[PDB]
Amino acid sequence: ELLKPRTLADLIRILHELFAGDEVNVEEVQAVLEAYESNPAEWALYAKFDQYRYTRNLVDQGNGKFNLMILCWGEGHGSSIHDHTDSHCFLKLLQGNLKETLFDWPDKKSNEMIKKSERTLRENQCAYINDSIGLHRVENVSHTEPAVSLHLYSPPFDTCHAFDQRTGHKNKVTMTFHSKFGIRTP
């Protein structure tokens, strides 16, 4: 029975229960993420920014079924176009706005990937992506407001592919945590 999380802690407890089994219910997960009201005090600790690019901050390793991490996007910061390694990927805005651009999987040819769709994700909004849906690029296009987001991936994945918008070629990148449980990890 899905309850409203009062707090991040609560949220994380509910997530552990939802992931106790081995097959997830995406809707239910998205609904509890959406229902958590962003409270900066509760996650301030994980919101470590870098001047030059966005940072991944590990919050919870999830008894091995999922990662939960906070990302921090300075003004004009953005990701590349990427997939999610056959995993589920939820994303909640805790603060600010991100622009998400979805691409279709490139065909084997070398041509400019073309954007399926585009949308702004607002605070507390929770979005869901997986590889059957497509690839996406997330950016903070704001010139004045940093953005912070909450990301859940299940199962956890170390690496993903990044795509060249031009040719659609892809590289395996190994995602690195800026911090882990509130501790900076170079």
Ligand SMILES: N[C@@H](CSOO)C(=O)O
Given for the second form:
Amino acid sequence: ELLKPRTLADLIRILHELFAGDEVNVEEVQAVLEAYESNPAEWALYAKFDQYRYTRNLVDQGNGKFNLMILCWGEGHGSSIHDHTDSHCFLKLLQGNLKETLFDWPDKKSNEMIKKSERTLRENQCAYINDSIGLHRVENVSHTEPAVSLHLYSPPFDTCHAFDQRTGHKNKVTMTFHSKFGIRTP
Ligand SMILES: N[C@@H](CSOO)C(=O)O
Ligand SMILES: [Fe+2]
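Having seen the form deposited without this ligand, I'd like the form deposited with this ligand bound now, please.
Every component of the complex follows; first up is the chain already shown.
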């Protein structure tokens, strides 16, 4: 039974229940993420920005089944075009707006990767991606407003591929945490 999370801590407790088993009900998880109303005081501890690129801040390590983290995007900060390593990936906006651009998996032949679609993700909305859906790029295109997002990945993963938009060629990247549980982890 899905109830509205009252706070980030409550959301975390609910997520531990939803991931207690071996499978994932994507629509239920997205619905509970969306139902949490962002409260900046509750996540300020994790919202550690860097001037030059977006940061990844671990909030909860789940139950062996997922990682929950907060990403902090300065003005103009964005990602590579990337995949999600055979995992579910939910993104909920906590502050600001992000542009998500979708791309198909490239063919083996070298070619420009042309966007398939794009949308603006707005405060409190929860999006979902997985490799079956495609690849994406996520960007804070604002010149004036930093963005903060809450991401849930299941299973957890710490490597992915970045894709060259000009050719479709991929390179393996190791992801790092800027902080864990509020503690900077240089
Ligand atoms: N997947 C990117 C963020 S966009 O992914 O919803 C990352 O975890 O760094
Ligand atoms: Fe992503």
